[PDB]
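Only one chain is given next, in structure tokens, and it is the form solved without the partner chain.
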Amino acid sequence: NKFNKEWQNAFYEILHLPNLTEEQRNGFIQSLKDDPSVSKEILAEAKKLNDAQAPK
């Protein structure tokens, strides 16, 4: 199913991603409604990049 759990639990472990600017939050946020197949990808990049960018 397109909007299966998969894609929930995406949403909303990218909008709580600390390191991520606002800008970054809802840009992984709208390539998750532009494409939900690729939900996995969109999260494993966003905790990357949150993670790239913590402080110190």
Second form
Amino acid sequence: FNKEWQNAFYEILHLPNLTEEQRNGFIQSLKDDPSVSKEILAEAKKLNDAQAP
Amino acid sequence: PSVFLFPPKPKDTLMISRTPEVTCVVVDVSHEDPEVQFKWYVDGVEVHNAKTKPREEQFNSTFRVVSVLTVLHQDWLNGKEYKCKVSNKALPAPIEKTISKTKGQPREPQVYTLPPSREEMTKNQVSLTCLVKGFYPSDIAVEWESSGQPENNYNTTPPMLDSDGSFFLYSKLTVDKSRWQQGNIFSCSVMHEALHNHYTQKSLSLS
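We have the form solved without the partner chain; now please give the form solved in complex with the partner chain.
Now the complete complex, all chains and molecules, led by this one.
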């Protein structure tokens, strides 16, 4: 059971400044390669911040 | 008594001039029982062309045993799974590890060359840069040449995950400022599954 994988998915689901398109891309990324979930979440969090109102 | 499975080098799976291979490395084999048996499978089916190397006694007198399986470029690229089953006296039950190419929609690298900064031109040696971005999966190879002759004094960063879920890297070729200033032509070539012919090459020179 992969906690980091499940956790990246959850936090990405709830990030408020991502488009639906971006949200979807990151969740597809997580499916394609779970072993880089840490880095996918960091990229997501970093894009979500740069897209602050 | 433990097992590791390694993929082929990216350049090997991509160039027909090369021979790619999957490698099974067993460590901490007891000196009491150095016998190790390797069974290999490709998508469930057993193959027999694997080769075990001469074992290597470690400082603490344990052994390290390597099995190397040549594979078909096209089988790796199309996602076949390679399974290694490892057998030894010391093992409760045999050990299995499997490996296969990273899944996900492939994306073609964009390749840009960048000349030295002006501030860098005070030094004896300068820095030629190649940016490679937008590519997926991360499996990639990079070299430099100058009018067809290989360069060696370059360093290429590991791929890094970018903000759109593709990868990027930089490759830096160090050259004598003299060669740069007298207009010699440098070229970076990039090898990846999503490029036509699995390669492209981009040139850099003083204008």
